[PDB]
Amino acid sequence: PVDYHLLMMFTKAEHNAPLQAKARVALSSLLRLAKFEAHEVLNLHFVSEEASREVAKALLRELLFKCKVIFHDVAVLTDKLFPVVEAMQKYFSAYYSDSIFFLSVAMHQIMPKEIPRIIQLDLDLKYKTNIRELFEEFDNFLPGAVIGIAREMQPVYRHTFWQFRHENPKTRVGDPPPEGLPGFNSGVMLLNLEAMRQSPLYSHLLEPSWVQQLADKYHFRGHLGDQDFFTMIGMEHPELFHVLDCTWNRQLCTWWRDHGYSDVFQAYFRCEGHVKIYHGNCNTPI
């Protein structure tokens, strides 16, 4: 049997209506469109405290190839993450309890060696296709590519990388596609744990002194968490990332269009093609 792993954050769901409404949209579309072969099993990992584990379990029975449901203790994973991810929550979340927002960054060390690949997914997503088709994108990775990720469809990183762009007026950092580097979105993330464990460059980029070195170069202090780490890494070493097609994560947020970037917004937001996964970020309906 071949194993397929999906991870989803599910914290503070207890008495939370918008979060449970999101999870209903997300987990339904995932399940009622998933088609795997008989020999293989889909593993659904959830990181939840005891309070939200009940909420997830009770929800899943209604919407449920064989598929295993694994639950991860938030506190346990946060405790494991903290010593590894401390030096970068002062840069990308500019204290202890907020280590779990950097799980993707250190997923390879948190997860057992038995697992070589995982896909971390938002609950503000809607699935338009079979999720097994996404696992095929792992094969389009170059050797020495560790993360599969779609680019950010808002000019967020124009404002965030402002001081660097003011100093380097010809840089692609913060520029829109296809020529520039708009930064990444963390909604859909293909984490090649096997490659992450084996990459010397990625192993070193997780060290405090390296993080500082690069953040100081870009004058970077962010608030998007793990997304900010990958984005900043993707400027120095864009070859660690297999850039997913926009249709795998079409973000629907249009906030920045109406709060400063009316002109350039479309160059970031544009995505032609049949959408495979929608991302209803900033609480945007689908």
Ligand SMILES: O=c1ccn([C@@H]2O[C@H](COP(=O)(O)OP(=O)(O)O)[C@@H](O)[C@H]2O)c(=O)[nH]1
The other form holds:
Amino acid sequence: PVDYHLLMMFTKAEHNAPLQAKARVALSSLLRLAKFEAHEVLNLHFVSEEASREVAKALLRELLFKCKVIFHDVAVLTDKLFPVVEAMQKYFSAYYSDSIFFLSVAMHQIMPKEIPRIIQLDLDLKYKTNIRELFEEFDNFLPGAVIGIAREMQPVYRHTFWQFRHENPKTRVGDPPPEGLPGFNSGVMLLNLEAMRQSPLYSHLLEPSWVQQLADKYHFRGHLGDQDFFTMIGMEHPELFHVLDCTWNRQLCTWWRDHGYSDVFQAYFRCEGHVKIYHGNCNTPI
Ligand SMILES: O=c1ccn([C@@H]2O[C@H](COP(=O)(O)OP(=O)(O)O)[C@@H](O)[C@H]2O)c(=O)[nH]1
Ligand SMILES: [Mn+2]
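I've shown you the form deposited without uridine-5'-diphosphate (UDP). Could you give me the structure of the form solved in complex with uridine-5'-diphosphate (UDP)?
Every component of the complex follows; first up is the chain already shown.
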């Protein structure tokens, strides 16, 4: 048998109608279109609390290749994360309870060594293709590339990196694609735990003094959590990241188009081609 792992955040879903609607659109599209071979098996991980764990199990019954469903305890992962991720919530969430928002960053240390690869996914997504196809992007990784991640389709990182761009007028940090680095979106993340455990550079970029050094270089104080870490790391060492085509995560949020970036917005939001996964971020309907 061959294992394919997906991870999803499903916290505070109890008495949440907007969230449960999203998780219905997401999980229904995922499973209705997901097709695997008979020997191999799809593993669906969830980090949820006892309360939302019930909500998930109840939702999966309506929608059930074998597909094993694993539930991770929110508190257990948080408690495991905290000693590793304390020194970077003061830069990317600029107190203890909010350690679970940096899960992707330390996925290799939290997950068992038995798991070599995982795809962490948002629940405001809509799947337009078979999810087995996305796993094929792992093969397109360069050696020394640890994370598969789609680029950010809003000029958020213009505003976040403002002081660095103010000081470096020639920089590509915060610039639109294809010539510039717009930053990353955390909605669809291909985490190569095997590569993460083995990459010395990534092992060092997780350390406090390194984080401090790099945040200070970019004058970085963000609020986007794990997404902020990868994005900032992506500016220094872009080769750690395998940039997924925009069609694998087409964010639909247009907030910044109407709140300051009307002119440059398109250069970030643009994504030509047949969409494979939609991302209805900032509550944008699909
Ligand atoms: O109350 C919540 C809200 C969100 N999420 C999860 O965290 C992810 C990030 O939230 P959201 O989609 O709002 O992020 P955005 O893409 O809007 O920045 C979602 O996909 C959900 O899986 C959660 O567990 N509880
Ligand atoms: Mn989202």
